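There are 2 protein chains.
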Amino acid sequence: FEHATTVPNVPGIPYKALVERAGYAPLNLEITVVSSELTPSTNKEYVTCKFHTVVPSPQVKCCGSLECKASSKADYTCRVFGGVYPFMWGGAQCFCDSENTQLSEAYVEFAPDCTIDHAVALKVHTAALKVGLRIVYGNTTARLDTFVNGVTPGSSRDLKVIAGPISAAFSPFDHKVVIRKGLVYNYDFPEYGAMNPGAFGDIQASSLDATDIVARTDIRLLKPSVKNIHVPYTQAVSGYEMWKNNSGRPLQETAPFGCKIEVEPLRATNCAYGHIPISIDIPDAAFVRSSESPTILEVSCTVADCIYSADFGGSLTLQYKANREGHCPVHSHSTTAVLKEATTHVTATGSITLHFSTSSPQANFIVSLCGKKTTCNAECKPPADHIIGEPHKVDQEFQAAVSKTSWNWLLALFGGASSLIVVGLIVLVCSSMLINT
Amino acid sequence: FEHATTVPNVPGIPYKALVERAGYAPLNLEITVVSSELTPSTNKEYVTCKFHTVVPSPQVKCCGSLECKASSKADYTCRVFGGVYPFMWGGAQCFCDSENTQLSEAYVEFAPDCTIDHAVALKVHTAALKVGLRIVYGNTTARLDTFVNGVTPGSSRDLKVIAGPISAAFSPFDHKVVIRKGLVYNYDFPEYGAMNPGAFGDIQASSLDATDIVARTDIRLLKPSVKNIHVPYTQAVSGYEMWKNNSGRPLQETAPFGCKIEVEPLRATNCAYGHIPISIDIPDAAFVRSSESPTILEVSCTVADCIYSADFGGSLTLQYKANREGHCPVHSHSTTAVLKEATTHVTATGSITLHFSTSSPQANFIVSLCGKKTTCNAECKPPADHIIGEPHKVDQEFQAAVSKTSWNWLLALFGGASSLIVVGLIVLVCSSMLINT
Ligand SMILES: *[C@@H]1O[C@H](CO)[C@@H](O)[C@H](O)[C@H]1NC(C)=O
Ligand SMILES: *[C@@H]1O[C@H](CO)[C@@H](O)[C@H](O)[C@H]1NC(C)=O
Numbered sequence: 001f002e003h004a005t006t007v008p009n010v011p012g013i014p015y016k017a018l019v020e021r022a023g024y025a026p027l028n029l030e031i032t033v034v035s036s037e038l039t040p041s042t043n044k045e046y047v048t049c050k051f052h053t054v055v056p057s058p059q060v061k062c063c064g065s066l067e068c069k070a071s072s073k074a075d076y077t078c079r080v081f082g083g084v085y086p087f088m089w090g091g092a093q094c095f096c097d098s099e100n101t102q103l104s105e106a107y108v109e110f111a112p113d114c115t116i117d118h119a120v121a122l123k124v125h126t127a128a129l130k131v132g133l134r135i136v137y138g139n140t141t142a143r144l145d146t147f148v149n150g151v152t153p154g155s156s157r158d159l160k161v162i163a164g165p166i167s168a169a170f171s172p173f174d175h176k177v178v179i180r181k182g183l184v185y186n187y188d189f190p191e192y193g194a195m196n197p198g199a200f201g202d203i204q205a206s207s208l209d210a211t212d213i214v215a216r217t218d219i220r221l222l223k224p225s226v227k228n229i230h231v232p233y234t235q236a237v238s239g240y241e242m243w244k245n246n247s248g249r250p251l252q253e254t255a256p257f258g259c260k261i262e263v264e265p266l267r268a269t270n271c272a273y274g275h276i277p278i279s280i281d282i283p284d285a286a287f288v289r290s291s292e293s294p295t296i297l298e299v300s301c302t303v304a305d306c307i308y309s310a311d312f313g314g315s316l317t318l319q320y321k322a323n324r325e326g327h328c329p330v331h332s333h334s335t336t337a338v339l340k341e342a343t344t345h346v347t348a349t350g351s352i353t354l355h356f357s358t359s360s361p362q363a364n365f366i367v368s369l370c371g372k373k374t375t376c377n378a379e380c381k382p383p384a385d386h387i388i389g390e391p392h393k394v395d396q397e398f399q400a401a402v403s404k405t406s407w408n409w410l411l412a413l414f415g416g417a418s419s420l421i422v423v424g425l426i427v428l429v430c431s432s433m434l435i436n437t
Numbered sequence: 001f002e003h004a005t006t007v008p009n010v011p012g013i014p015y016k017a018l019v020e021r022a023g024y025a026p027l028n029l030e031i032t033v034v035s036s037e038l039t040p041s042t043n044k045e046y047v048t049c050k051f052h053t054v055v056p057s058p059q060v061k062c063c064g065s066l067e068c069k070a071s072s073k074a075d076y077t078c079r080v081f082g083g084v085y086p087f088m089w090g091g092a093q094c095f096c097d098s099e100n101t102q103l104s105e106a107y108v109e110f111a112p113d114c115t116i117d118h119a120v121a122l123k124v125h126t127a128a129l130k131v132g133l134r135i136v137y138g139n140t141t142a143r144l145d146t147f148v149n150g151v152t153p154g155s156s157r158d159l160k161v162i163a164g165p166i167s168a169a170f171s172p173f174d175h176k177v178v179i180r181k182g183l184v185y186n187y188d189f190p191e192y193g194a195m196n197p198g199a200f201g202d203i204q205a206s207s208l209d210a211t212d213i214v215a216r217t218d219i220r221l222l223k224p225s226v227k228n229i230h231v232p233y234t235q236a237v238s239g240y241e242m243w244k245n246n247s248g249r250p251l252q253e254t255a256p257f258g259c260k261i262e263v264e265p266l267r268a269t270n271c272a273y274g275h276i277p278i279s280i281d282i283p284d285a286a287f288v289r290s291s292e293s294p295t296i297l298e299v300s301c302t303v304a305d306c307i308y309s310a311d312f313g314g315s316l317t318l319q320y321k322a323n324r325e326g327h328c329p330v331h332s333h334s335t336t337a338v339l340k341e342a343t344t345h346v347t348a349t350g351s352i353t354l355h356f357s358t359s360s361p362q363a364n365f366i367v368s369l370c371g372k373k374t375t376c377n378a379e380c381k382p383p384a385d386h387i388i389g390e391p392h393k394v395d396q397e398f399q400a401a402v403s404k405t406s407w408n409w410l411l412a413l414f415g416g417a418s419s420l421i422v423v424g425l426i427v428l429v430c431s432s433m434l435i436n437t
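Line order of the protein sequences matches chains A and D.
If you read the first sequence in PDB author numbering, its first letter stands for residue 1, the second for the next number, and so on.
If you read the second sequence in PDB author numbering, its first letter stands for residue 1, the second for the next number, and so on.
Hints in this document: simulated from the structure, not taken from any laboratory.
A few of these clues could be false.
Claimed, not checked - The list that follows gives simulated cross-link-like pairs (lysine to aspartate or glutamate, EDC-like), each with its CA atoms no further than 16 Å apart:
| hint | chain 1 | residue 1 | chain 2 | residue 2 |
| --- | --- | --- | --- | --- |
| 1 | A | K69 | D | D158 |
| 2 | A | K130 | D | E191 |
| 3 | D | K373 | D | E20 |
| 4 | A | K260 | A | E37 |
| 5 | A | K393 | A | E325 |
| 6 | D | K130 | D | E109 |
| 7 | A | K160 | A | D174 |
| 8 | A | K16 | A | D395 |
| 9 | D | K130 | A | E191 |
| 10 | A | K123 | A | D174 |
| 11 | D | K50 | D | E241 |
| 12 | D | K69 | A | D158 |
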C-alpha cells in the first residue's frame with residue numbers, strides 16, 4: 001500500500017511508522033535520513049588573483065618621435081616622455097642631448113602562483129536537495145539515494161519511493177558567491193567589466209589559462225627625473241589582497257541549520273530545515289497475513305516515572321493477553337510520543353517493557369500493540385541534565401506543552417469567571433422577568 | 001561632459017542627439033545600436049538521443065537453475081525462464097531434457113549516431129544583454145561593445161560610456177530549453193532521474209561519451225514459445241522520436257520581438273524591446289569654443305510636401321542670414337519628429353532644404369537651426385502606401401495622434417457644453433438673488 005508520510009530531514013534521528021491493510025498485519029516502516037546534500041546550479045563567471053604587474057623594458061628613440069599604439073593586452077598604460085636622457089652602466093644610451101623620446105609602457109599579468117591562490121566568482125541560482133534514506137521493513141534493509149524534486153524515484157527494484165516538495169526552501173548560498181581555496185563567501189563582487197580599482201576583482205579573466213584578461217589597476221606613469229633609466233610607476237594596491245585582509249567569515253562557520261559546506265562541487269551537507277513528505281510503495285510480498293500474525297485480545301499500559309528529553313528516558317510496561325506466539329510491531333500515532341523498538345515479541349499473557357521519548361509534561365498518547373489501540377495517560381517530571389549531546393526528536397506543540405494540571409487550574413479559573421458572568425446575567429434576566437410582572 | 005540620453009533599443013534606426021554646453025556650443029551626436037546580443041547562463045541538465053536496446057547473448061544452462069545479479073547498465077531487465085530447450089542449426093543446444101534455465105537479458109545504450117542526432121537540456125536562468133554601439137560626434141566615429149547590466153565602461157581609451165539597465169527585461173527563453181541540431185525549443189523536460197516510457201528524456205546522461213547512463217523505458221521480456229533460440233522483448237516507443245514527431249515549431253520562428261537565435265553559445269541577438277539609458281562623457285577636446293560658432297541673426301521656417309510615415313518623406317525649408325561661414329550642427333527637439341541630417345554648411349545668407357519624418361498629422365515642432373530655436377507648423381498629409389519596408393522612427397503619443405482640426409472641433413463641443421452648464425448655474429444663482437429680494 002502507498003503510504004504518504006511526513007519525515008523531518010535531520011541527519012540521524014530514526015523515524016518510525018506503521019503500515020497496515022485491513023486484511024493484513026501491521027508492518028514496521030523504518031525510515032532514516034543519513035545525508036542531505038544541497039547542490040545548487042553553479043556557473044563560473046570569472047576568476048581573479050593577485051596581479052604580477054610586470055613592466056617591460058622602456059623604448060628609446062633619439063631625435064625623433066616614438067608615439068605608441070593601442071594594444072589588446074591587459075591594462076596597457078602607455079606614455080611617451082620628451083627631454084629624457086637614458087644612462088646605463090658604461091655611458092649614455094643614445095646620441096642626442098635634449099630631443100629624445102622615451103616610450104614607457106606597463107601592463108599587468110597573473111602572478112606565477114595564481115594556479116592555487118585564486119578566487120573564482122560564481123552565481124548560484126537554485127538549489128536542489130539529494131537525500132539518502134535507509135529504510136527497513138519486515139527486517140528487510142535498503143539504503144538508497146533519491147532527490148527531493150518530487151517526481152524522481154530511486155532504487156525502485158526493491159522499494160518504490162517518491163520524495164515530494166520540501167516544506168521550506170533554504171538556499172544557504174546567495175545569488176552571487178566567491179570561492180577561495182575551499183572557503184565560500186557571500187561577496188557582492190563587481191560584474192565582468194565593472195572594474196573598480198583597489199577592490200575585489202580588480203583583474204579578471206574567463207579562465208585561469210586565458211588571455212582574455214581585463215584590469216583597471218590604476219597605474220599612473222611618472223616622467224623620470226634621475227639620470228639613469230627606469231620606468232617609475234605608481235599602482236593601486238591589489239584588490240585581491242585587500243579583500244583577503246577583510247573578507248569576513250567563511251560559510252563553514254556561518255551556515256544556518258548546521259550546514260557543512262564542501263567545494264568541488266559546491267554543496268551543503270547535513271542540513272536540517274523543515275520537513276519532507278515522502279510516499280512509499282510497500283511491496284505486497286512484505287505484507288504478512290493477519291491469520292498468521294498472533295492476534296492480541298487484552299492490552300493495558302502503565303508507565304513508570306518517565307522523563308522528557310532528547311534521550312530515550314521513558315518506559316512503558318505493557319500487560320496483555322494474546323492467542324499465539326510471534327513478533328509484532330508497536331507504534332505510537334501521537335506526534336508527542338516515539339518509542340525505542342519498532343517491534344517486540346508477544347507469546348502468551350505475560351508482560352513486556354518498552355522505552356520511549358516525549359516532550360510534553362503530560363504523557364497522553366496511543367499505542368498500537370500488535371495493531372489496534374492502547375491509550376496511555378500519565379505524568380512525569382522534567383530532566384535534571386541541562387544540555388544533551390543529541391538533537392530533540394519531537395517537535396513541540398502548544399496543546400501538549402502546557403501541563404495537565406496547568407490546564408486544570410486554567411480551565412477551572414476560566415470556568416469560574418465565566419460562571420460568575422453567567423449567573424449575573426441569569427439574575428438580571430430573572431429580576432427583569434419578575435419586575436415585568 | 002556627461003550627457004544622459006534615452007535611446008530606443010531597436011537595432012538600426014540612428015539616433016540624433018544634441019550636446020549643448022555654455023561656452024562649448026551645440027554639437028551633434030550619433031548613437032546607433034549595431035548589434036544587441038542577449039546571452040544567458042545555461043547548465044546542461046542532460047543529453048538524450050535514440051537508444052539501441054541491445055539484447056546480449058542468452059545464458060542458457062541445463063539441469064540447473066540460474067539467478068542473475070544487478071548491473072549498472074541502463075534499464076537492466078532480467079528474467080529467468082524454466083523449461084526452455086533451445087535449438088540452433090544442428091540440434092538441441094544442451095543435454096538436459098525438460099528442466100532447464102535461460103536468463104533472458106536486455107539493457108539500453110546509445111545509438112551509434114547520437115554524436116549528432118542528440119538533444120541537450122539546458123536551464124536558462126537569467127539573460128544579460130550586450131550592445132555594440134556606434135557613436136559619431138563632430139567628425140569622430142567610435143565603436144564599442146558595452147554591457148547593459150549596469151555600470152561598465154566600453155571603449156575607455158577615448159570615450160567612456162555607461163549603459164544603464166533596460167527599461168523592461170523580456171526573456172525570449174523559458175526556464176527550460178531543449179537544443180537539437182541548432183534548433184531551440186521551450187520544452188518542459190523531466191528532471192534528472194524523472195524518466196518516463198514513451199516520452200522525452202526517456203534516456204539521460206551527463207554527456208554523450210559518459211557511461212553513467214540511466215533509462216526507464218518499459219522493456220518486458222516474454223517466454224520464448226518457439227523452439228529456436230530467441231529473446232522476445234516488447235519495449236515502449238522511443239520518446240526521442242515521439243518528441244521529434246510533435247516538437248512544435250522552434251523558437252527561431254516564435255520568439256517575441258524577433259531575435260535571431262543561434263547556439264554555441266546559446267544567444268538571441270537583435271530583438272527590439274524597450275528603451276535604454278546611456279550616459280556618455282564626451283572628451284573636452286571635441287567641444288568647440290562658442291566664439292567660433294557661426295550663429296544666425298534670425299531664423300525662419302516653412303514646409304513642403306509633408307507625408308507623415310516611417311520614411312524621411314517630410315521636407316522643410318529654412319532661411320538664414322548668418323554672420324560667418326562654415327559647417328554647424330542642426331537638430332530637432334521633437335519627440336514626434338526627427339530630421340535626416342546632422343549638420344549643414346552655413347554660408348552668410350541663404351536657404352537650407354532638409355528632410356524629416358514624423359508620426360503626427362499636426363507636425364508642429366521646435367528645431368535648432370545651428371543654435372537657438374525654430375518653431376515650425378505643418379498640416380501633414382496622410383501616407384499613400386500601406387506597407388513600408390523599413391521601420392518607424394518615433395512613437396505615437398496621445399496628443400500627437402490628434403490633429404489640429406480634431407482639437408478645434410472637440411474642444412469647441414466640450415466648451416459649448418460647459419458654457420451651457422455655466423450659464424445655467426449663473427441663471428439659477430441670479431434667479432435666486434431676485435427671489436431673495
Ligand atoms: C589589513 O591588514 C593589516 C596588516 O597588519 C591590519 O593591521 C589591518 O587591520 C587590516 N585591515 C584593514 C581594514 O586595514
Ligand atoms: C506522428 O507521426 C505520424 C506518422 O504519420 C503523423 O501522422 C502524425 O501527425 C504525427 N503526430 C502526432 C501528434 O500524432
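Status of each hint after checking the structure:
1. A/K69 - D/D158: holds (13 Å)
2. A/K130 - D/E191: Between A/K130 and D/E191 the Cα gap is close to 13 Å, so the pair holds against 16 Å.
3. D/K373 - D/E20: Roughly 13 Å separates the two Cα atoms, so the pair holds.
4. A/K260 - A/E37: holds (9 Å)
5. A/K393 - A/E325: Violated, because 32 Å separates the two Cα atoms, which is more than 16 Å.
6. D/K130 - D/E109: violated (42 Å)
7. A/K160 - A/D174: violated (34 Å)
8. A/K16 - A/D395: holds (15 Å)
9. D/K130 - A/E191: holds (13 Å)
10. A/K123 - A/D174: The hint holds at about 8 Å.
11. D/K50 - D/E241: holds (7 Å)
12. D/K69 - A/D158: holds (13 Å)
Comparing the model with each earlier hint shows violations of hints 5, 6, 7; every other hint is respected.
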